[PDB]
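Only one chain is given next, in structure tokens, and it is the form deposited in one PDB entry.
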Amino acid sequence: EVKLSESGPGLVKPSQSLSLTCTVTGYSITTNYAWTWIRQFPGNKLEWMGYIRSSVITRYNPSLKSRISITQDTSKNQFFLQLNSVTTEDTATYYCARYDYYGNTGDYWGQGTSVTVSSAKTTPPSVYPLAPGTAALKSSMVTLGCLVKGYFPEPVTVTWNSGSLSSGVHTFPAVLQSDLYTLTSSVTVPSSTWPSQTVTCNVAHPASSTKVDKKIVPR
């Protein structure tokens, strides 16, 4: 049903243009709303960027100066953000949303797309298995993990057993150093199930078109 979905590059170089697409689903974009772009900075401050309405009428936040254009392609049920001359200060998660006259967005906010503005090179992660040193208190729980090291830009997606292992997972926020990110994910399972039943972390890094599986084998 009626939803909004953002797409576009996750990484843009300084001085270039950032372009994103919002695809409206369920419903025609010709319905009379303010089709809006909002962004959220690291640290979580939200900024209203602008809207388009009636296919061709726009207004923008003066903060963006002359750098922003929002346009629409009715034939694709899409509207577009173009933000020119980007700098690292434009690194943010970008959302599209549908606003009405009363401020109501309904459920119509997109999932968000991270855009990093950086000159650093796209780098896929190395994925290393984290298996326990020796044995410990069995007949209970064992924690395993995956170390996802040296990638750029964010994000990565980590799953365990292709998503079949969902309870007892902790995927930690990445830490950035020297233009590379590192993050780990833990999973905790009954000692009865591992190593007798396999546990694999699956790590996707869409920005480099890479996905890696790493089976956790006992030391």
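Rigid core: the largest C-alpha set superposing within 1.5 Å between the two forms. Positions refer to the first chain, counted from 1. What changes on going to the form deposited in another entry:
Here the two forms are overlaid on the core, and between these two forms the C-alpha of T58 is the only one among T182, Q40, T58, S186 to shift by 2 Å or more.
Right, and the form deposited in another entry of this protein, after the form deposited in one PDB entry?
Just the single chain follows, nothing else.
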């Protein structure tokens, strides 16, 4: 069917320009739909930024003044967002979506991409294994985890066993301190499967192009 995906730098310096791309597959953007950009600030407030439609029609949120521009590339079936002179107020999660005349978007929204406006430098996380100290009542469940410490900016993508294990997983919201983020993730599995069956946490940090796979071993 129709699928939208946003992409672009997750860190932009203040005063500079933010640029994002929405790659559409399964439908031509030269159609009469509002290919729009929407953003969600920390706190969850949603804002309509604007759209491009039928290739030559654009509409923008008046509050953005003349710093926003939305354009497209038919040959690549992609549309873009350019937001100039950004400030920390522009830090948010950006989403692309297809709106029709009646306001219906169906499930045609992208997964969203985070953009942080800051002067701080990108810092990759250090990933540490969390394995139980001693032994407890087996024949039941066991909880393991991973500590993702000292990274910037958000976000980090945490999966267990390449994402083939998603049930019983708790990845907590990061905490900010000294311009660095720290987060943890827990995974609970049948005690009968650990340490016999390997359990590994995969941690990716898009902004720094790093990825760590940390196998949890008994101590």
